[PDB]
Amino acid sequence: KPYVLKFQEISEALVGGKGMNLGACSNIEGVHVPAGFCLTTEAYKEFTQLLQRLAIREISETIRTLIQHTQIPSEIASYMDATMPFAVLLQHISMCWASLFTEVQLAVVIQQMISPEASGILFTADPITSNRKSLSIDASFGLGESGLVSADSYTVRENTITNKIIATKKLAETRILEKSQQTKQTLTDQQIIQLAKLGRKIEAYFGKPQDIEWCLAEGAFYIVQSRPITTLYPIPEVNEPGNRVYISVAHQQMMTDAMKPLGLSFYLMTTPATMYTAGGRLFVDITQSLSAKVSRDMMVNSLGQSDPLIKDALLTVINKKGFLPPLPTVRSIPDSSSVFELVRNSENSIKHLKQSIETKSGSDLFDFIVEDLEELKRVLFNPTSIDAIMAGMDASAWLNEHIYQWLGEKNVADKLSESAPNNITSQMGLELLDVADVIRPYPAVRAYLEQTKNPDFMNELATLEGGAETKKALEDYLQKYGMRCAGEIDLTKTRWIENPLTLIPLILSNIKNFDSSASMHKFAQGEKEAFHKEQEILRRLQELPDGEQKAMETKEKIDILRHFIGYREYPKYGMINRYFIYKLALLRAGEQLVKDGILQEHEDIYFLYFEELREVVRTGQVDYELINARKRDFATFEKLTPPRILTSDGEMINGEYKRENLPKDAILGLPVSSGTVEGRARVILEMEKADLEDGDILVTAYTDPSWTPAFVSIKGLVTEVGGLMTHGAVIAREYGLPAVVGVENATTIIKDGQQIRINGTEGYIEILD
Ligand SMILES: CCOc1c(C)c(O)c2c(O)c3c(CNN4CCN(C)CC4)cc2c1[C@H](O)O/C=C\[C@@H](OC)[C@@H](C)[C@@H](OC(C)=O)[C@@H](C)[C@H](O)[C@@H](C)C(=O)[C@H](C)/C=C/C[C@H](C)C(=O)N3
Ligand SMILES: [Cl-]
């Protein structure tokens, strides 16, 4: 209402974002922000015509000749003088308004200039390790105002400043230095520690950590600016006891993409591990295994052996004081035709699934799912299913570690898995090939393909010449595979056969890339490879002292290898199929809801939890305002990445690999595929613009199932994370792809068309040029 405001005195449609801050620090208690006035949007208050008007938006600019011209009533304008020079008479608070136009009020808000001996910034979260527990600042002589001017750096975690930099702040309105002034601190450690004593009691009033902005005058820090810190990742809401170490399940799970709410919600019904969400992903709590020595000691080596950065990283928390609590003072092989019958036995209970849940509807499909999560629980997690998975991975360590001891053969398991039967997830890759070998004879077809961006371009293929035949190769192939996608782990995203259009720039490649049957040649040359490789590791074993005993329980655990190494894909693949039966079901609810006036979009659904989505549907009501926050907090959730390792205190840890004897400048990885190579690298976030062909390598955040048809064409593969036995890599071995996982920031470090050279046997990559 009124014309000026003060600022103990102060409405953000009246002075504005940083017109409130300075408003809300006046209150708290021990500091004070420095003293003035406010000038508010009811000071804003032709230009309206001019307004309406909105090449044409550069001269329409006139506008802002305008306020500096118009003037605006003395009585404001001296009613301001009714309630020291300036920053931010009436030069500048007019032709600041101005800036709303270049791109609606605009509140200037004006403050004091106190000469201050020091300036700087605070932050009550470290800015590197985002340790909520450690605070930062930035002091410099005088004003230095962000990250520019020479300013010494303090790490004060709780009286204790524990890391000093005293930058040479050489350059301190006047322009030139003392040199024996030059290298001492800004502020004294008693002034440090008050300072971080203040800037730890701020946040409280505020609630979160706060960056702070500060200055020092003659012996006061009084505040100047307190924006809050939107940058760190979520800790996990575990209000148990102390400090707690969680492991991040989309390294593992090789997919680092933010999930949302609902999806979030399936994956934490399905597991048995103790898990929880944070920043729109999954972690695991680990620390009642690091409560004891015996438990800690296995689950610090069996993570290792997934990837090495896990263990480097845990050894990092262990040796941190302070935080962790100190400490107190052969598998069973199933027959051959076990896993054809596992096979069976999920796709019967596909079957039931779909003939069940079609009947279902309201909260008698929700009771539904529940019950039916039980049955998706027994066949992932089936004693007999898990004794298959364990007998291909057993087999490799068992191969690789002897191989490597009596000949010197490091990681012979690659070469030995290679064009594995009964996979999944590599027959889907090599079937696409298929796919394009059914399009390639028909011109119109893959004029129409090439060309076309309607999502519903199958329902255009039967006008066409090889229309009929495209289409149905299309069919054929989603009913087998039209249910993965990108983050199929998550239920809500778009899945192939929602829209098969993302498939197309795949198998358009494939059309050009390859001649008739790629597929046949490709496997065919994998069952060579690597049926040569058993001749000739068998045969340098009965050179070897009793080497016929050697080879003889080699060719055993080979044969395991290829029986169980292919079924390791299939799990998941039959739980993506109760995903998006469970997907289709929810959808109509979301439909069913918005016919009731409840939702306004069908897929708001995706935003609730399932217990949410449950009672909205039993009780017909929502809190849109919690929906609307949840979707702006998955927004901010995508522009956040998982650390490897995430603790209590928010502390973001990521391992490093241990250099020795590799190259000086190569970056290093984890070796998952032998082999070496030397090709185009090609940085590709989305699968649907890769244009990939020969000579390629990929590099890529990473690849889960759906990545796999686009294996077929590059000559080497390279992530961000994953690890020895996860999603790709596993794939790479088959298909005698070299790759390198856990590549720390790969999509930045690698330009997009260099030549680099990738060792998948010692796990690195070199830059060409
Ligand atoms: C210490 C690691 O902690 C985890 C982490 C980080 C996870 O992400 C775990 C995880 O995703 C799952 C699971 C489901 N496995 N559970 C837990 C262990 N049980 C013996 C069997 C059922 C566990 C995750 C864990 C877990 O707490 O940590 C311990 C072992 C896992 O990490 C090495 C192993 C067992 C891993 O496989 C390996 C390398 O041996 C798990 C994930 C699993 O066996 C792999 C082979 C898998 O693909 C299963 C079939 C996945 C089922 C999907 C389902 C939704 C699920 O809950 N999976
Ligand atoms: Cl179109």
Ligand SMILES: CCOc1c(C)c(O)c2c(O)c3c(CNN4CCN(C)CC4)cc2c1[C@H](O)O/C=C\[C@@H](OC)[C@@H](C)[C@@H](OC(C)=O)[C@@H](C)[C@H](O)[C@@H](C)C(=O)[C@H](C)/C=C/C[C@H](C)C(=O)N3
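So that the term is clear: the rigid core is the largest set of C-alpha atoms that superpose within 1.5 Å between two forms. Numbering follows the first chain given and starts at 1. First, how it differs from the form deposited without the named molecule.
- Looking at CA displacements between the two forms with the core superposed, a shift of 2 Å or more is confined, among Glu465, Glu611, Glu625, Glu638, to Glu465.
- Shown in the overlay between the two forms, fitted on the rigid core, is a CA shift at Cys38 smaller than 2 Å.
- Superposition on the rigid core between the two forms places the CA atom of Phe266 less than 2 Å from its counterpart.
- Superposition on the rigid core between the two forms places the CA atom of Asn21 less than 2 Å from its counterpart.
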Given for the second form:
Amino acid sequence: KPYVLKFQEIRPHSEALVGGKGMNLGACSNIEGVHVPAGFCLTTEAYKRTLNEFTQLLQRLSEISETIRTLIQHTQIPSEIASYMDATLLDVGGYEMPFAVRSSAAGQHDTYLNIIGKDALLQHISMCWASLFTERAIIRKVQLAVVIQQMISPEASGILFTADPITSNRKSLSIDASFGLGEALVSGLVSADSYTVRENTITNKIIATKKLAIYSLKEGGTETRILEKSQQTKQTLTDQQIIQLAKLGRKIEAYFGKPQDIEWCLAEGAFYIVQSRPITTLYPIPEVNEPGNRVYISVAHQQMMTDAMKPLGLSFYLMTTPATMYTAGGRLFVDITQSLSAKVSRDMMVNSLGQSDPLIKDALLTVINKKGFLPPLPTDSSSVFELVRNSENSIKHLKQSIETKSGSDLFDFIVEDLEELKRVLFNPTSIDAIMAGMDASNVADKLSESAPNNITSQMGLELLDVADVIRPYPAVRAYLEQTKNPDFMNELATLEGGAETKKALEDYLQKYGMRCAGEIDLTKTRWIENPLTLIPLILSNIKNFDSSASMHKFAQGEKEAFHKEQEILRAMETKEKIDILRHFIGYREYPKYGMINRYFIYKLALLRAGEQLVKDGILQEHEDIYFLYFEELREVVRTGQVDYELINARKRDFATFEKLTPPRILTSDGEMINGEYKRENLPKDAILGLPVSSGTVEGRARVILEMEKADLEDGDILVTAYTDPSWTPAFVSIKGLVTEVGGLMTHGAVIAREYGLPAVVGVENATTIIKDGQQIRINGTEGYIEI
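Next up, the form deposited without the named molecule, please; the one we just looked at was the form solved in complex with the named molecule.
So it's only the chain below, everything else dropped.
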């Protein structure tokens, strides 16, 4: 409550009084052995008493802020606030000395360098209040504060990262060094060098053509020019100055406990710190107990599912998998350090996951040959139909036994049923079945086209079946395209056709509504929980199709399958080898279908177990159970208590985890190791990936993440992060496929070869580089855009 706060007198955690930037300076001030330019902060309550008229306008949209901005400029600061300003300013050099006017709120406001005089500073303080109402700051009522510290006139300045911004390696240190002052509004006109330090050794130096530099002229800041070889020839910092700055950086990192973003200035051989912020863009570290250097591999990349998962979702995958895993950033990992400490164990993993995709193999070889990260090495055909029915009989008994149970023994029941889930999924008979399919295997693929009893194939095909019973009744499309409303399946009967489509739509939801995009995450909304997700894909099947499209495109397959059956005819060992393949491989996607069925049954049982948690007065909202791990959730039910400061923490963490993309290889130092494609005799421009389906075509790119933005017309090419079996019904309206992750024999990869759809997977950052709308080119090998 003091009007003016000096840096070394700032109270921990009261940001609201001083602001983030000021609290940072108030923290770096107490760091022994670190020089922070003396100064103080104008209390946010000085911004408040400087204000009856001002409220005239904060009600008016509780672009003419150019009157409310000039008001604060013309509104003069009270004599006492001005007096307190005079005292603390005189203690840090007084007037006749230069100071920096910096505002402290995320976002950005106005900061003014090198201001001298009482009148000039009073004006700039008011201009900083004005920065709150330029049409940028606009898109409530908050309190701003102003930092006033000694203006440094350095030879060099720049930024410092205690962790490599790209690789996220915490034992790496990046420095951006440039001559002259820093910029409040950074423009690409003051370039800088880039140094990289691991520990006391320089690992990388990038010198830049720095033609321009900002110098604090007697008052204000002119931008002079440097001599041609004062740019090139001169490192911004000497080899020792870089190391000195590095040590200076990790002394601040050790103080805050977190990797910091530090702004520095260099005057007369001495360094000064003007700002320090925690880095919030790093990929988190798996919480593991034994101390050595560790290498983790991404389960996400193995499962072709890179999206972040909620706690409860992570739990159910952990309980499903026998192998011990670890969680980091909403993704799961497997510690393979033990297998990379033995030569026999090393190779057997490299060539097992290697040719599957060179990115993993390259990433493995990357970590293996690192600078001593790792220790050196010291001197049956009738089998199908029952497995299907046994699965169906295993689901029916589960579903009518969960409605039986609730409370605490509900969790006792799920844990037990997970064991049954295991011996159905890991059933030797079930995996001996498709071993026969895969061992039955160029010539083999198209010979296996249009094989019945494939659960995901029917899902895509029956959607077309659904599409053609829907269609005559025109009367049912207008309502469909404005509906923001999830419960659209109620007003179908008030209209004609909608009743007869509902029956066809509900029958679909009975067999295929249990899936979704990323079924692996149990907490993710299924199709029957929100049928509004299938709207575009069904409309897309409506916008372009037949009376019985499911018949023909199915029909297409077996006749091209019916002219290859005997190119080879004109040797009867081969005839059923083809079938024991054909009549089987449709089952290769049923264990997946059987598992996620049990998922949804648990979910409904757990959700209603959460609905009783809101009526007991324990839960605020319904689906907050997603942010608790399984065992935590067991205890909340057994107790009647719960920490919501953890829940909200889980909520913001998950939101942070969504902006991240998991690495194929993650180290104990946080370093993200993805693979790299080997390329020459291939176009300069080309973005590289993995070949999946032979073919070359071009067309319009549709970068689509959710299956709700899936407005697919004819000549489009689908560009997404991953292709799930639930994504496969969309393969009827596209011409090409580009995914950030995929395999040579995922189901998407299979039906892409049957339809003749050229597809490329393993294309890193494909949903960021390829902007939606661009005409792109794709080839079975590599594929790049056409401007």
